[PDB]
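Form whose entry title says "open state", single chain, as structure tokens, below.
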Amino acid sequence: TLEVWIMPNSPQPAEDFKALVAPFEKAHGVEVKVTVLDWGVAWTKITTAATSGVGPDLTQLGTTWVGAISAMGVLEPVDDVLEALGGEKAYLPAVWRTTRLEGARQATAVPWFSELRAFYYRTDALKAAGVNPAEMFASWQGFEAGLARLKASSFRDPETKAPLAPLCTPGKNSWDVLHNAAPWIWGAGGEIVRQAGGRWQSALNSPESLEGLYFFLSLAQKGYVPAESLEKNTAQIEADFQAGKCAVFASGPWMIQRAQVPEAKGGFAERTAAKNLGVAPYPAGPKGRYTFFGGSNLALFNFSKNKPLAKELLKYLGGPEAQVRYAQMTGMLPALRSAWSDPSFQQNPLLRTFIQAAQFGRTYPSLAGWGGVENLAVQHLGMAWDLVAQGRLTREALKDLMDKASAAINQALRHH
């Protein structure tokens, strides 16, 4: 019997995964056993399995974990599976980069599903503020002009009878800090880390990265983000948006499904926000348009005693039918680019816009030491948000924080 470890990807995560593999089980005449790891403990459990040799056949891995676990020497090469699924041209480039440790020419993980983020907006609020959505979400200048108009607007939510916040975004020292910043960094022409001068180094303190960071964080100093937003997580901001408190916020495609679910079943179909829902990609910066991608991949431990059957299950879970099916349950975009043509996506205007957003997808570099980089970036970005909460983020203060971040990161990148 094969054993798979997964994270809570869908509302009934084990059940959905079992329904997903039921045809594979029938064709191979096996049961696949599943264990669900909470996102909190998943990494600890997976590293304990890597060090001990005691674990599942397959594990889910977040895309940013691939480099670290690969570098431990515990993953089976899966170039054969990826060739079977269509090779490099079967994936968005940003997704293909998540199949390996950066600069390896051997794949160790199979793309499973993508998490990308775009802006949701209140179509009624923008109509009432006189804001063209295409031009608000096309450029930085359009975006900040749109928030200005939304702040000035006399519009009130029909249900709350109160104004809407122009923009809600969190400012907590969580991993979401870095992916909410990344499109602004990238659109300015910056990066979190880059190769330069023969080494990997932080680029958080580059003029371009600082430009992007300051543009975004300064919106919360201009009155466009309510103070209360800064200490909420993405779940709480999503609930504020559903409750008619927010004109604009960034998230993945899951909320699209929930706008069709009645409040009696855990959704928000009856709320004004569900009936007046738009999506747009992140605006272009001066140096280009980028959409953050994350999500999850699958990997096979090389200590598995069922590698041949495990490889057949990776091809199954990576392939068209299972990619389309699982997306109905996760609300996430398939990792397999072919699957985006399915009518389940193309006949839903809001999902078609996420697929437009996908063309601009970009991932973090697949470094073995990525988690140490991310922790240091998150902590220092959280200090910049904390200055925002005081109305004291200046460009020089932001630069000094990112200078400290860059020294810490540069030191982390020198050890292995």
The other form holds:
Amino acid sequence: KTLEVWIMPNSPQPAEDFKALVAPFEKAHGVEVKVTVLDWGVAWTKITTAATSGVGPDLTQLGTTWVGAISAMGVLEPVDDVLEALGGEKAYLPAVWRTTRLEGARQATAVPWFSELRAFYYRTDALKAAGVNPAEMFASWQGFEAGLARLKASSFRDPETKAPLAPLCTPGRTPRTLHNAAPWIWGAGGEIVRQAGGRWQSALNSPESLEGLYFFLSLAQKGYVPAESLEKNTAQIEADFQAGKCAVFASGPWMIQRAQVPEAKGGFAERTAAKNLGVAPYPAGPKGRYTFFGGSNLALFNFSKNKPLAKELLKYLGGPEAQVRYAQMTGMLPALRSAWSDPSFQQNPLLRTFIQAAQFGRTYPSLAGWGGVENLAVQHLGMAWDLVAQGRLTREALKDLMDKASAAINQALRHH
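For comparison with the form whose entry title says "open state", produce the structure of the form whose entry title says "closed state".
Just the single chain follows, nothing else.
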């Protein structure tokens, strides 16, 4: 007997860690779990091709923001039974519960696996050298910009690179997601989409969304993000932070784990950044404090030939033992609320900051059209980063680009 599972790179050795996670299950049931690791860049294509073709695994990892879209194609097995066996609605943060289904759908189609949310890594040595108190820098938009100005004026040089650090690293290539931009949209009192009388519309071109997006993109145009960074993607910016080229960088809790792993094993423990590593929440914007809260769920294709066994594996991977173990392996947080209280998560001072930041966590709505909405948004946001790189992003040009984005998004949303 065989189960196939598709996962994304959640840990330093994704396949080996997942095999070690499921070895007790394999023994107890007399079964082999075969795993295939999909890059996040190609996962959507691979998963939607399995969905329409009927050729795929028994289980796939799904990003929380994708559950609605894949569920709407009618290809996922109901898993309300698994969720009831895991403790039902009360066993999960409501934000997590809402990712188990397409908004407004009758049955659940995904089991929560892990949660993640975004905060700022910072170089503790660089902020001390600049005279920046992270408590002031990360409290407010004004404190954020004031600390980036101090980091820009700093005479600090990395002790390995013998070079200055960039104040902020953020990618300017066409993003794959709005994860980096969302907290600035939200902090200004904006939204990506808004429901009015049942129907979803873009709000990327609202005055509030434009204020937040402009604030964020203009940090790079004011010189706090180097030119080189706007020609880089997330993976390259992450490597730059790890190699000691950036003072401040937004990411998920996984990087805490990677900071404790040797380079040999796909970590960065030997690097100065790992030994001078701090974490602070996103600053409060004028309409409050938000950060992106996501993670990944597991779903069972309705064409699987091993549904009963597959659901046993969903109950295993969703349950307390596997939930704590996999969070430990990945640096992610458990999707199961009770597992947050495990003392292993409360003892890393950096992870404790992620946990506290979850009070301001915000999710995308679970829409059928989400894949197309985010794809359309990031294509237009890619062009606004192109203007930034030329010093030509004006409020007017950003409004023009978000009006186009909003037309495209409203036209896609009318197709559901």
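Residue numbers count along the first chain shown, from 1. So that the term is clear: the rigid core is the largest set of C-alpha atoms that superpose within 1.5 Å between two forms.
*Asks:* Let me spell it out: fit the two forms on their rigid core, measure each listed C-alpha, and pick the one of 164, 248, 107, 204 that moves 2 Å or more between these two forms. Which is it?
*Replies:* That would be 107.
*Asks:* Is it true that residue 224 shifts between these two forms by 2 Å or more at the Cα, once the core is aligned?
*Replies:* No, because once the rigid core is superposed, the C-alpha of residue 224 moves less than 2 Å between these two forms.
*Asks:* Would residue 22 count as moving between these two forms, using a Cα shift of 2 angstroms or more after superposing the core as the test?
*Replies:* Yes; that C-alpha moves by at least 2 Å between these two forms.
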